[PDB]
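Chemist: If you want the building blocks of each chain, they are given just below.
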Amino acid sequence: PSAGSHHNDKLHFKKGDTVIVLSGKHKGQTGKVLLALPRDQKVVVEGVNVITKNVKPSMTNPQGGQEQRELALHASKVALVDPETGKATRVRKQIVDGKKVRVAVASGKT
Amino acid sequence: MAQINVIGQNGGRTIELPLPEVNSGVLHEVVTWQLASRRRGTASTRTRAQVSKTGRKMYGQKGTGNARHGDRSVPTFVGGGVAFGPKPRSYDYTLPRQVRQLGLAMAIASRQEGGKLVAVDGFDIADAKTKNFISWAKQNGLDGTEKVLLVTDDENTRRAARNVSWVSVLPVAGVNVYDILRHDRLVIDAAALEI
Amino acid sequence: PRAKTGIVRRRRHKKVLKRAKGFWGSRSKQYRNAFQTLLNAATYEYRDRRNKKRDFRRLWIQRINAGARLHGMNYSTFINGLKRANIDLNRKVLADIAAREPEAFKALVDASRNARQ
Amino acid sequence: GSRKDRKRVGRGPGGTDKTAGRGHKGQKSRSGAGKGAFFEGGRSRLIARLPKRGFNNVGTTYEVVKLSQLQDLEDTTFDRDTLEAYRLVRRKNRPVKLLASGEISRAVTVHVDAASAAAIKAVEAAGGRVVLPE
Amino acid sequence: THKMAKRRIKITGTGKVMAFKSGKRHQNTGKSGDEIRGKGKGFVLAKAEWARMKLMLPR
RNA sequence: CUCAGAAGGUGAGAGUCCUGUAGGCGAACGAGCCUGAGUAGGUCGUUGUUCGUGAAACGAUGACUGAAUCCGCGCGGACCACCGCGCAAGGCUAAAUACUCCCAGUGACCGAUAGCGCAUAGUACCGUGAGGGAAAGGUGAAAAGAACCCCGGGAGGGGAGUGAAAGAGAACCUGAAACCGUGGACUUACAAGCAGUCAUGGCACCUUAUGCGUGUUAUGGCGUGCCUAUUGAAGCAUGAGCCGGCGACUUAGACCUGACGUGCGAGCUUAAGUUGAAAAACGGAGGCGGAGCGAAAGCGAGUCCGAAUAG
RNA sequence: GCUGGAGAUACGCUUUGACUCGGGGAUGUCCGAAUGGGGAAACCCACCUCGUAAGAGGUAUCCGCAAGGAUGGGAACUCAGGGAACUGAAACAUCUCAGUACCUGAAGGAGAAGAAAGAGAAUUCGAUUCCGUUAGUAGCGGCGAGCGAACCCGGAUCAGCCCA
Ligand SMILES: [Mg+2]
Ligand SMILES: [Mg+2]
Ligand SMILES: [Mg+2]
Ligand SMILES: [Mg+2]
Ligand SMILES: [Mg+2]
Ligand SMILES: [Mg+2]
Ligand SMILES: [Mg+2]
Ligand SMILES: [Mg+2]
Ligand SMILES: [Mg+2]
Ligand SMILES: [Mg+2]
Ligand SMILES: [Mg+2]
Ligand SMILES: [Mg+2]
Ligand SMILES: [Mg+2]
Ligand SMILES: [Mg+2]
Ligand SMILES: [Mg+2]
Ligand SMILES: [Mg+2]
Ligand SMILES: [Mg+2]
Ligand SMILES: [Mg+2]
Ligand SMILES: [Mg+2]
Ligand SMILES: [Mg+2]
Ligand SMILES: [Mg+2]
Ligand SMILES: [Mg+2]
Ligand SMILES: [Mg+2]
Ligand SMILES: [Mg+2]
Ligand SMILES: [Mg+2]
Ligand SMILES: [Mg+2]
Ligand SMILES: [Mg+2]
Ligand SMILES: [Mg+2]
Ligand SMILES: [Mg+2]
Ligand SMILES: [Mg+2]
Ligand SMILES: [Mg+2]
Ligand SMILES: [Mg+2]
Ligand SMILES: [Mg+2]
Ligand SMILES: [Mg+2]
Ligand SMILES: [Mg+2]
Ligand SMILES: [Mg+2]
Ligand SMILES: [Mg+2]
Ligand SMILES: [Mg+2]
Ligand SMILES: [Mg+2]
Ligand SMILES: [Mg+2]
Ligand SMILES: [Mg+2]
Ligand SMILES: [Mg+2]
Ligand SMILES: [Mg+2]
Ligand SMILES: [Mg+2]
Ligand SMILES: [Mg+2]
Ligand SMILES: [Mg+2]
Ligand SMILES: [Mg+2]
Ligand SMILES: [Mg+2]
Ligand SMILES: [Mg+2]
Ligand SMILES: [Mg+2]
Ligand SMILES: [Mg+2]
Ligand SMILES: [Mg+2]
Ligand SMILES: [Mg+2]
Ligand SMILES: [Mg+2]
Ligand SMILES: [Mg+2]
Ligand SMILES: [Mg+2]
Ligand SMILES: [Mg+2]
Ligand SMILES: [Mg+2]
Ligand SMILES: [Mg+2]
Ligand SMILES: [Mg+2]
Ligand SMILES: [Mg+2]
Ligand SMILES: [Mg+2]
Ligand SMILES: [Mg+2]
Ligand SMILES: [Mg+2]
Ligand SMILES: [Mg+2]
Ligand SMILES: [Mg+2]
Ligand SMILES: [Mg+2]
Ligand SMILES: [Mg+2]
Ligand SMILES: [Mg+2]
Ligand SMILES: [Mg+2]
Ligand SMILES: [Mg+2]
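Going line by line, the protein sequences match chains R, C, N, I and 3.
The first sequence: position 17 = 20 (PDB author numbering), numbered continuously.
The second sequence: position 96 = 96 (PDB author numbering), numbered continuously.
The third sequence: position 16 = 17 (PDB author numbering), numbered continuously.
The fourth sequence: position 39 = 49 (PDB author numbering), numbered continuously.
The fifth sequence: position 12 = 17 (PDB author numbering), numbered continuously.
Please keep in mind that the hints were generated in silico from the structure rather than gathered at the bench.
One thing to keep in mind: the hints can contain errors.
Short derived list, chain I residues pointing at chain 3, Cβ under 7 Å [as the list claims (entries may be wrong)]:
#1 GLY46
#2 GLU50
#3 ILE57
#4 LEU60
#5 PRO61
To list a few chain I residues with every Cβ distance to chain 3 over 12 Å, as calculated [to be verified]:
#6 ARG18
#7 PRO23
#8 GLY24
#9 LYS62
#10 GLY64
#11 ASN66
#12 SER78
#13 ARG90
#14 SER115
Even for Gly, the Cβ is constructed at its ideal location relative to N, Cα and C.
Build the full structure now, drawing on both the sequences and the hints.
Modeler: Shown next, in the form of structure tokens:
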């Protein structure tokens, strides 16, 4: 049944990266990446979020009520923008350390 | 019969133009065949009980109170086999060469009655870069509001190709009636082998 | 390439069904019994068309002598004396004048009366 | 313009769809159906009734060269032994014989496998000759 | 067909079909009249429509 | 920007957002004097190839016999002579050929009665067994999948809320028809009917629409379902409960024969294949006209029957 | 980042490089050619050897001196032993269906075939297989239904090597 496997299930950005909402609601809001799920997409960022009425049945308290929690997202938003912009940064480079690769566009690192 | 090239006239263009202006009948005979030949024959159909899966016999003929039919693999049955379905055909044949020759003659002549372009020394492409192709065409009156068919040698000059639209490369005279007729205009570039 | 029957039959059927309106019971609602009855209707339409002509003729006539006999004549006599006078080519829908215009039809009667006998 | 490309004006019709009112319900009426036996039929066919034994054989058969072809039209150019192309013999692998059809007085030299004596009459009587292999 | 091959039903220049003559053939002749030596080549094209496709490579 | 414009994903249709694509690179470990004897040859029983015992050659064996050695031997369709072609009774051998469990790519192939039987199942179910054998789909862009209140044991629904939409709420895309109902309009309880049709009146309506109107209805005239099968069908002769969907004149071949159309036309055309494919050229082996008559030899604008000419 | 589809709470594991790979290994219970012996598959009962129990190894036939080889399983394809009938002939015996279906055996990724006691009628060709063509031609046949070559030529591929 397909499902998000269209991209090569390689993820741009990373676990902690700061990033901008591309399209969608908000759009240009930012947040540190909370959860990255390569298979299914599903970026968790500090941005747009929905009020979740929690399931009435519970072992602890009758409770329910409504948590705020999170709204997960696709590759629908941007990736790790350095140069004071919402730029989509293609290039990698072997620069700085001879180990890591730092994606930049008009600029360096990220 | 009348053309000025990119390097300046090649000694002149004459060739010939099978008057009256082309012909639509003989043309359409060609392209019909053309597409017909290139057509890939393929079909999925299940015939009857050999090709479907049923086997055996059914409730028995007389005295069941219901209809006669002896098997479930037959066309009159849902989930059954199919009668007169498509099979893996061919659709190919040999159009008489006389007409195949005559076809694109007419078709080349169809571009001559209208806008027609031939070139030598199109070297302005400057390797490939695809951009100088856009310039070379632009300097030559090719807007991009027309779809062009580039036919030539010198693969570098072809290696700049395939624009947002309108640009189609057709190497070293594999030219056919279809492609040149479907396009807005044609650039045969090199007049060599177009002798 | 298969081409299924889709969206063709349904439109045609409904096209028939809609012709059937005041049709009683199954006649209106289900196609097969609706389609035929139109078969028979064809017979009733085409034929009744040239018949209403017949009907009306006998209706006009039926009026004419009703008026004629009121004056002591009859359709046969009246139509003849009116014919026996080239004067009145009146003929068609003479009944209108018979029913609606009594004083008129009378003068029309005596003309027939006179130019006959 | 590809879309402007027209028909042939009566190159050909569509086939026959036998499913409809107006022209359907076809074949014969009875016993004309589900078929595949047919051809010629009966009691005792004419063929079997008719006599023969005869032969088959068909040995040597000759490529004909019409005499009018050489003389008069063209140059009467002395077709020689193998003219072949530009001349009328094609399939060959069979001997060639020269027969009298058309005639004029002009010289000729013909190499053939055989010829009619009444043709070979007119070959020399116009001047020239017909030669045969040893 | 192979039937009319050494048999009758010969085609001609015009395409017409040639029939031999039957009665009598190799037996039961006797009698008198010429007629014995009078069974020759003959034809009709009425039936012959159906005899063309039976053997046409040759005449 | 383009050596990259193929393609799929992203809240709706992106060349420049993502994955990609053109192009470039890439591994330790991997994987590509002789020369054939119980035989050739034969007789009997048979069979193979076009070979049906036929004038039956030759191969091949079941049963009986049973040779020559090169101043030899087998074949050339009974057999003989001449003339030729070939050396049996020892074996092995890549390549061009076939098929598709399996992987890839493409499609004037299907799109949930289609396509494989299965949008997974040889499962459910049937059979002691061999064996046979199903139907199958869709919330949303995202679960944000409905905390909370109300009636009810529940089921189920009414709110609130989320969402563009709950006219998507989990018996979740569209949702036709048969079939069941609710409300309204005009109608119906002395009337004999294939259910209609025609004419007029009555009531109601007014978005192709105030007329040649739509809907309904009363009254009058007319009026023997449909199909098949038949000399003849409303037939008390066949078929059908109704609606949906499935469902029947096709494809093949260097085939045959006609018509129309086209290109070359005293000529016309290639097949297998080779090469090149974002496309086609190449390929004369062969085929069809071109001469007929005869049983055939054969002869030839002639031929055939025959001594001629009569045909 | 991960902690199979599994969707669900928990315990967690991971830059000392997880997970997902690509490629070698290592363990691989019992049944099944099953093969220690038995046996209504996947369970019962044994003998020998190394030994501290735990446990590991062996114990079927067939070719051979031995190394070693063979049993069994394959969708269709190949070759071989065996070999139908319906049907057609407008009935039916020869004939056709057809050496098709099925059965059995063997084998491989292919197989079969092959290096002229040949084809043939030019004193020509030149192992085999395959395609086109010859050609519905020669012929076969209750001379019925119907069956139906090869040689020349054009192609695909082209190798001949060894023993008595
Ligand atoms: Mg019943
Ligand atoms: Mg199916
Ligand atoms: Mg489709
Ligand atoms: Mg009527
Ligand atoms: Mg009248
Ligand atoms: Mg009147
Ligand atoms: Mg058709
Ligand atoms: Mg018609
Ligand atoms: Mg019938
Ligand atoms: Mg009859
Ligand atoms: Mg019948
Ligand atoms: Mg049948
Ligand atoms: Mg036949
Ligand atoms: Mg003849
Ligand atoms: Mg896209
Ligand atoms: Mg834009
Ligand atoms: Mg020897
Ligand atoms: Mg022998
Ligand atoms: Mg014998
Ligand atoms: Mg016999
Ligand atoms: Mg023999
Ligand atoms: Mg001797
Ligand atoms: Mg002999
Ligand atoms: Mg001989
Ligand atoms: Mg091989
Ligand atoms: Mg299905
Ligand atoms: Mg369904
Ligand atoms: Mg099944
Ligand atoms: Mg089963
Ligand atoms: Mg049971
Ligand atoms: Mg979903
Ligand atoms: Mg519910
Ligand atoms: Mg509830
Ligand atoms: Mg609702
Ligand atoms: Mg809805
Ligand atoms: Mg529920
Ligand atoms: Mg939707
Ligand atoms: Mg729905
Ligand atoms: Mg009420
Ligand atoms: Mg009601
Ligand atoms: Mg009463
Ligand atoms: Mg009443
Ligand atoms: Mg009544
Ligand atoms: Mg009236
Ligand atoms: Mg109103
Ligand atoms: Mg009435
Ligand atoms: Mg019917
Ligand atoms: Mg009767
Ligand atoms: Mg009657
Ligand atoms: Mg009845
Ligand atoms: Mg009956
Ligand atoms: Mg009944
Ligand atoms: Mg055929
Ligand atoms: Mg042909
Ligand atoms: Mg063939
Ligand atoms: Mg023609
Ligand atoms: Mg011409
Ligand atoms: Mg999951
Ligand atoms: Mg990874
Ligand atoms: Mg055991
Ligand atoms: Mg055992
Ligand atoms: Mg063992
Ligand atoms: Mg097997
Ligand atoms: Mg029988
Ligand atoms: Mg029979
Ligand atoms: Mg038999
Ligand atoms: Mg087998
Ligand atoms: Mg084996
Ligand atoms: Mg062949
Ligand atoms: Mg050859
Ligand atoms: Mg060779």
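Chemist: Taking the numbered hints from earlier one at a time, note which ones the structure violates and give those numbers from smallest to largest.
Modeler: Per hint list: 1, 9, 10, 11 violated.
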